[PDB]
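Before any questions on binding or motion, here is one chain by itself as C-alpha cells, the form deposited in one PDB entry.
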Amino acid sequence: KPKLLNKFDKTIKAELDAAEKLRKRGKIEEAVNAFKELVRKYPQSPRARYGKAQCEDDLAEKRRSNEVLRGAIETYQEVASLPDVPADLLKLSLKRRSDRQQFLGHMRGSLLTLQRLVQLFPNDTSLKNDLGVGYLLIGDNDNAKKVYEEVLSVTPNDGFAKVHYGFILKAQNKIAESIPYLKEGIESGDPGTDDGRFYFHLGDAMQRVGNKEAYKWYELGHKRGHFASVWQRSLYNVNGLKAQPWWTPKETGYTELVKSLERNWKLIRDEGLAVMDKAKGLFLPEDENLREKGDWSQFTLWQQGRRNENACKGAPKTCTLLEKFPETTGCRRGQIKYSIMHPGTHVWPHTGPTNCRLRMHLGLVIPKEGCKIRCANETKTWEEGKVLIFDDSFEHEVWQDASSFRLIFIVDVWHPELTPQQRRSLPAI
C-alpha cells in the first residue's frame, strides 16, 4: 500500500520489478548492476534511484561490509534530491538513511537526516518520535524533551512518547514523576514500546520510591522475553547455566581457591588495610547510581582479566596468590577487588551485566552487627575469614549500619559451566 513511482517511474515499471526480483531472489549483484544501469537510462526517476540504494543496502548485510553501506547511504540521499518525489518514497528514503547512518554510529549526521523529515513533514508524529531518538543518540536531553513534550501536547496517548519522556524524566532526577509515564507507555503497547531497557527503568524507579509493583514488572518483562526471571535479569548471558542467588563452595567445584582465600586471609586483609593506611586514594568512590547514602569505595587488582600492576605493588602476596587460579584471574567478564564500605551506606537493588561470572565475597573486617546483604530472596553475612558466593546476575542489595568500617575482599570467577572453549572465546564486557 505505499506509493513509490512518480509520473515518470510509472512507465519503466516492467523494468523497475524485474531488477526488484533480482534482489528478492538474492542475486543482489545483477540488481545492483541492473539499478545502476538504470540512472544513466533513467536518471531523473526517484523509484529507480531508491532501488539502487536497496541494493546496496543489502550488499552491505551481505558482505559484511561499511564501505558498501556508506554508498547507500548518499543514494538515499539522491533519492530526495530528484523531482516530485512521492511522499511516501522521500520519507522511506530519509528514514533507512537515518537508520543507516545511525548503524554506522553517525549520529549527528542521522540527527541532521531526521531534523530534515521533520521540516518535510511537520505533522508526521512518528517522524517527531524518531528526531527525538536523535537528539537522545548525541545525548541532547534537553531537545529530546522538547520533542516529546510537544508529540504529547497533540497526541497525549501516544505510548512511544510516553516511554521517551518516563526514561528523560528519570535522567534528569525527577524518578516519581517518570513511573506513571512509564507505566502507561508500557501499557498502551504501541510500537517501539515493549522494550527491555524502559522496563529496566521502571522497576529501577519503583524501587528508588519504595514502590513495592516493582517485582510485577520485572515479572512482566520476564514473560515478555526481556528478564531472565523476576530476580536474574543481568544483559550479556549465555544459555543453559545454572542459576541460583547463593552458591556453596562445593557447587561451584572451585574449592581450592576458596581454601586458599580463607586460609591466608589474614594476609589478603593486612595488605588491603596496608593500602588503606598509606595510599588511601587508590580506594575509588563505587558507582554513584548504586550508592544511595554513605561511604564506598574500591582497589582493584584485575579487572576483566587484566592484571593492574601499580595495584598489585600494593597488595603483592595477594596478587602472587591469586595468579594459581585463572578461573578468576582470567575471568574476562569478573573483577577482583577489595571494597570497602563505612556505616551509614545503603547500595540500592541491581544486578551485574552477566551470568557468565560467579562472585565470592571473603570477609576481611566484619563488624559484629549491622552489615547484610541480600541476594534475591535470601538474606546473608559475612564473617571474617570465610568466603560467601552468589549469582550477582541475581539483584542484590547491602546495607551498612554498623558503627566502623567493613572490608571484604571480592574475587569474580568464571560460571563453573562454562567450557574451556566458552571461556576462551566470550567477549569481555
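Positions refer to the first chain, counted from 1. First, how it differs from the form deposited in another entry.
- Checked against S404, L137, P122, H226, the hinge of the rigid-body motion between the two forms corresponds to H226.
Can you switch from the form deposited in one PDB entry and show the form deposited in another entry instead?
FYI, this one's just the chain on its own, none of its partners or other molecules.
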C-alpha cells in the first residue's frame, strides 16, 4: 500500500527485501550490516537508508540505549535529505524521527521536525494535529491553540482537534466554551479522542457549571478503562494499590512519621507563622485553576523528592525533622508544604494526578468553625496538632468560611503497598 521505492530502488528491490527480511526475523545485527552494505554501495538509496534507521531503532530497543536511538534519529533525517524520496517514505521517516525525539525528551527538536512535515505535506490534517501536540508537549498552549484553530477552520468535525481545542480552552478557564468541543470530540470516536484526559476534563467542566451529566462521563471513562473508579480518576497509576478515600495512620504503617508530626506540631506551626509574618513571598498562590473563589497559597519545602534549600532556610527545624523520613522526602510524586487558606474560599471538586501517594494533613492553626474537607462521600474537619490522611486521587473539595486564616502542613507519602523498586523507578510527578 505505501510505495516506498523510487525508480532506482525498484532495481535493487531484491537486495532490499533480503535485508528487511533479516530485520523482521529479529536478526538485528546481521540486518544492520546488510543495510550498511547497501548504504555504502548505494549511498543515495532512500529505502536502504530507512532500513538502516529502522535497524538502529530496533537495536536501541534491544539495548535500551539513548545513544543508539540518537543515531537512529539522525539517519531518519538522512532519509529525508536524499534525492527522489517517495512521499510515503519521507513521511514515515520524519514522523518516526519526531516520535523518537519526543520519547527521549527532545521536544524542541520534535517541534522542528513536525514543522517541516507540515510544510512538506500541507493538506495532511493529522500532521497539523501532531504539531499541536508538539506545542502542548513543550507547554506552548498559545501556539497549540492557533494550530487547532487552523485545523478546525478547514475540518470543523475533526474530533482530535476538537478534544485538544477543548482541553486548551478548559486549561484557560473557559469552562463553558470547552464543554461542547470535549463532548463532541470524544463522541466523534476519531483516533486519539478515547483518552482519559478528555473524559477527566469534560466531567470536571460540567461539575463546574452545574451539569448533573458529569458523572455520566465519569462512568463512561471508567467503562473504557481510563479511571479506576468513578470517584478515583487519577491518570498516573500503579494498578492494584489499595483504594480508599480516608486512611488511619496504622493503615498506612507510617506511624513513626505521624507521631513525630503530632509531637512536634508547634515547632512546625511556629516556623510557618514566622514565614507568614516576615517572608510572605515564600507563600505562592495556588496556580492550577482549582479555586472557585478566595485565597489559597502554599510554601513548599520538597517537591518531586527534592528539597528546596532556599525555602528550607525559612523553616529550618521543620526541614531537619522531616529529613528522618524518606517515605516523604523521597516521595517523588508528592510534595511537603505549608498551605494557608482564608475565609471566602471554595476549592472546586478535583482529583490529584496519581494513586501512588497518600496525603497527610497536620492541623496548625484551625479556626473553631467554617473549615472542612470532603473526600469522596465523607467530609471531615481538621484539628490543631492532629493528622488526617486521605488519598487525593479520590475526588475532594474544600471550604473555608471562618473569620480568620487556616494553616495546615501537607506531607505526601508513597502509597504503602509500593515496593522499594517502584519507589526508585516511577517517573517523578
